[PDB]
Each structure stands twice: as C-alpha cells, then as structure tokens.
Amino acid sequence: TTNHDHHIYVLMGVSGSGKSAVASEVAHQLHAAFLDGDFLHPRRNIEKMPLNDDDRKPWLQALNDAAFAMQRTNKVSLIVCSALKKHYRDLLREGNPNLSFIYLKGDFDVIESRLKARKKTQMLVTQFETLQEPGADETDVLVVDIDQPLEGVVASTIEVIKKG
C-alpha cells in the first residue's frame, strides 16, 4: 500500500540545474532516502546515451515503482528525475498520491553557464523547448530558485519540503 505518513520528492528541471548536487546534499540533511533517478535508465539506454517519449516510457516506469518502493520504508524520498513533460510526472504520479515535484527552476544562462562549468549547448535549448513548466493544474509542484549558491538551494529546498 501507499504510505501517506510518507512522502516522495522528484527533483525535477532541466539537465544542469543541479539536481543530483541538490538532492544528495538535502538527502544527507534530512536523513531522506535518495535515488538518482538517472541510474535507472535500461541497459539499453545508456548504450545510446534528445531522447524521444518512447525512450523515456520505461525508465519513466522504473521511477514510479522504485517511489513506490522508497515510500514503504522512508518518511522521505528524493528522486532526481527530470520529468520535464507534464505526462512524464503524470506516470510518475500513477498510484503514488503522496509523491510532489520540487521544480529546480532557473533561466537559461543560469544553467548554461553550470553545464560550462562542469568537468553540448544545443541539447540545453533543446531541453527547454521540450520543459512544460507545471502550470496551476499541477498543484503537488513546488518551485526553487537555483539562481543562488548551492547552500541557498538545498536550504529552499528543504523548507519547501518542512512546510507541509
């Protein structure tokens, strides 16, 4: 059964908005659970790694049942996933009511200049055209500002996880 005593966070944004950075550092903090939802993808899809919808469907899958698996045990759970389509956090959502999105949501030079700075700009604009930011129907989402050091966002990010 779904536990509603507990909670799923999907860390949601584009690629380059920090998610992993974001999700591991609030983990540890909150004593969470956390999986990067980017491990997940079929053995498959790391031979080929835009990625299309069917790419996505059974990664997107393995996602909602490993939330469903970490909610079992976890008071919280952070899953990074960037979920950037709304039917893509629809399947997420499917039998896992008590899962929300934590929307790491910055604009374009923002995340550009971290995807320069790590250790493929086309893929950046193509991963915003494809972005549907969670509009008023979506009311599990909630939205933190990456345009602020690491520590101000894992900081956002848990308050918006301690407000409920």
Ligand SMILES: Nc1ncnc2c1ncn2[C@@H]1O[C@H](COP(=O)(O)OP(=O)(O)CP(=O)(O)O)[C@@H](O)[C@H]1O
Second form
Number of protein chains: 2
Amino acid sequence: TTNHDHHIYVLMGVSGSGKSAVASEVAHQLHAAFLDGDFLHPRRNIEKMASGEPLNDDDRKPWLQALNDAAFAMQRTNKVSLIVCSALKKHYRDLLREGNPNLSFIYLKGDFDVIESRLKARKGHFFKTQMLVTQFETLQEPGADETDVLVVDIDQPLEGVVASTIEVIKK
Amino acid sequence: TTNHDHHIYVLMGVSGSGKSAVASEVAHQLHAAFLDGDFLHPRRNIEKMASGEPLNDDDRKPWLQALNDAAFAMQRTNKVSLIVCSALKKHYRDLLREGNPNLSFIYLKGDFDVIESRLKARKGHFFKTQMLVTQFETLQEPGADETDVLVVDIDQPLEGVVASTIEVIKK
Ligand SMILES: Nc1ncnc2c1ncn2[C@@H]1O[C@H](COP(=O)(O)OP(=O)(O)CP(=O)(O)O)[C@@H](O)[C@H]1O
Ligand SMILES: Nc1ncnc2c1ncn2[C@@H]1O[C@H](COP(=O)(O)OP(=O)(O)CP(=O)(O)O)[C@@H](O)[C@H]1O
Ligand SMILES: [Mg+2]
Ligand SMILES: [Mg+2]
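So that was the form solved without this ligand. Now I'd like the form deposited with this ligand bound, please.
First the chain shown before, then all remaining chains and molecules of the complex.
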C-alpha cells in the first residue's frame, strides 16, 4: 500500500517560522496536496485548547497518529503532499515517520530575533514573548542523524523561502 | 466552543463536477482554510480501496465522523472553512451537520452530459461510463428541505464557477 513513488513533505519549525504562509504558496505552485495539521485534533483536544489550556504530549498522541494516517491517504493519489506540523520534538517526528518511509521533513529554520520580528509585524496582533520562548525551548532541532530532514533559511523574503522550499522539494 | 461567526462550506457533488479544482482557487483567493476530505479516510479504508474493494456505507461512518470532527477544528480559528467531500447521500450530509450548526454545503450541480465531457477532457485518462452513472445513481440531490445547501451551476467555465462559488459564499 505504500507508493514509494510519491512523497510527503512536512513543514516544521516553531510558531512564526513560516509553515502555513509558505506551504500554501508551494502547494499552489507545484499544484499539490496540502493539509494543515492543526485540523486533525480530536474533539477532546479542541475543547481543551478552547478552555484556554495547553494540550500535553498524551493529547498529541492521537493527533499525530491521525496525521500519520492522513499522510498515508494523501500519497495514494498525489506525488507531492505537504502537511504543516511544527513537530518540535523528535518523538512527534517518529510518530509521523512510522509506516511512512516516503515521508520527510522540511525545516524552516531561523533564530529568535528573526521570528520575533515576524510576529510583531502581525497587524493588530499583540505580541507576547513567553509564547515564543516556549517554542524555542521545546524545539529539539533535528540533528544530522535525522537524515530525512531537509532545511530552509527563512531569513529571506517569503518568496525566497518559497523558492528554496521548492528546490529542496525538486532536489 | 462552536464559533457561530465562522462558517464551514462543504463542496459537494459528483466525482467530475470540479470539487477540488474549484475549492483550491476559492481557498487561494479568499485566503481561507481548505481541507480535502479524501485525506481523512481511516488506514483501513485506504487498504480496502487499494485491494480494489469499494467502500460501503459502514466504512464511511468513521470517516465522516472524522470529517465532522475536522469541521469542528477548522472553524475555531477561521471564518470560512471549505471541505471537499462529495456528500452524495442525505445521510452523509446529516452526519457532517451533527455538532456543526455552523456548516453548509455548496452543490457543484451539473447534469450527466456536462460532467462526462469534462472527465474525458484530460489526456491519457481512460473514462469509464458506469463509474459516473453510479455516481448519479448514488447522488441524492439536496432537496428544498435541506436549507443550508447552496448550489452553483457548473455549466459555466472554471472561472465563473469559482466566481459563483465565491458569490454563494459571500451572498
Ligand atoms: N519569509 C517571510 N518573510 C516575511 N514574512 C513572512 C515570511 N514567512 C512568513 N511570514 C509572515 O510571518 C508570520 C508567520 O506566519 P505563518 O502563519 O506562515 O507562520 P506559522 O504557520 O508557522 C505560525 P502558526 O503556527 O501560528 O500558523 C505571518 O505574519 C506571515 O505572513
Ligand atoms: N468549470 C469547469 N470547467 C472546466 N473544467 C473543469 C471545471 N471544473 C472542473 N474542471 C476540470 O474537470 C475535471 C474534474 O476536476 P476535479 O478534481 O475538481 O473533479 P472532482 O474534484 O469532482 C474529481 P473527484 O471527485 O474524483 O475527486 C478536472 O479536469 C478539472 O481540471
Ligand atoms: Mg500554521
Ligand atoms: Mg477531488
């Protein structure tokens, strides 16, 4: 059932790195299957985040399995599938990876100052620092041993970010 | 938790009526969320479909509930959610409705003569007649009693269907 002929790409990196804004554009450009993973949490998770609370790792178990399932579905009918999922921790990455030998990660890498500048430029959006500091703390950048991780420089205008993304895709 | 100010539109209709192509531009242009519902089929379904066996109405139970779920999730954080899914039988429509008072359908409506010339329009595609008859055989036209169903006439070129879809959306 796994078409090793088709591929699935997971845009990752903290909140503010560019996942959504670049992924939209790439799928539109290569004309491909794109799925935002924020969309697959179980009804239980939506209420907990709505009740103002942070999901914990157990809550992410069923979500990432759903996403992994969704990875499975996209690559039956598309050669290029993009899924947005910040996936900061190396164990989430293994939850996605399992049974998907054809899934790989594209990591939109930047440092703090760059990503901070990016979110405060959100018109009307009040920017809270602790949130981004938790994102860096949680982030367990994939090492060299994570060999299905490709990497991208977000320090570049979106469109450059876009183009690089396409390259590492067509590379 | 149901944000009655954000809405989900399901692009329904037969296979061939433009569900995915129309929904991608409406998502692009409206800058809104788009989930294609093929991708939420349980690992079981991917295999039943792969082995070649059709799905019955039992195997869609779990899939449409996942989608209903997904609908819930998209409208927490977006005012306009579009979900592609054929939605042929009234029952499938009822199942997506459940829990989601803030959901609606946009019926990419056409007749047989039209959808067929279209599916045949792509090169290298070997078009099977029964496959679309069945489609129409299966179809349970949203009747006038289903008042969250809007309809868009497809006997119109791609762009007016995009434009009309957008109208029913902003209407
Ligand atoms: N290369 C770039 N240059 C300038 N702005 C960029 C950029 N890439 C993304 N942006 C903008 O930066 C902000 C981050 O957006 P984006 O929604 O894509 O990130 P994200 O999806 O990773 C955060 P979230 O997880 O909350 O969705 C947005 O304001 C976006 O328009
Ligand atoms: N209004 C229109 N004018 C011309 N071509 C159109 C059209 N709407 C759709 N198409 C084309 O018609 C065919 C059907 O595409 P599309 O993927 O949207 O159908 P669909 O989503 O209903 C297929 P399926 O349901 O099997 O997933 C494709 O060739 C698409 O490019
Ligand atoms: Mg995002
Ligand atoms: Mg389609």
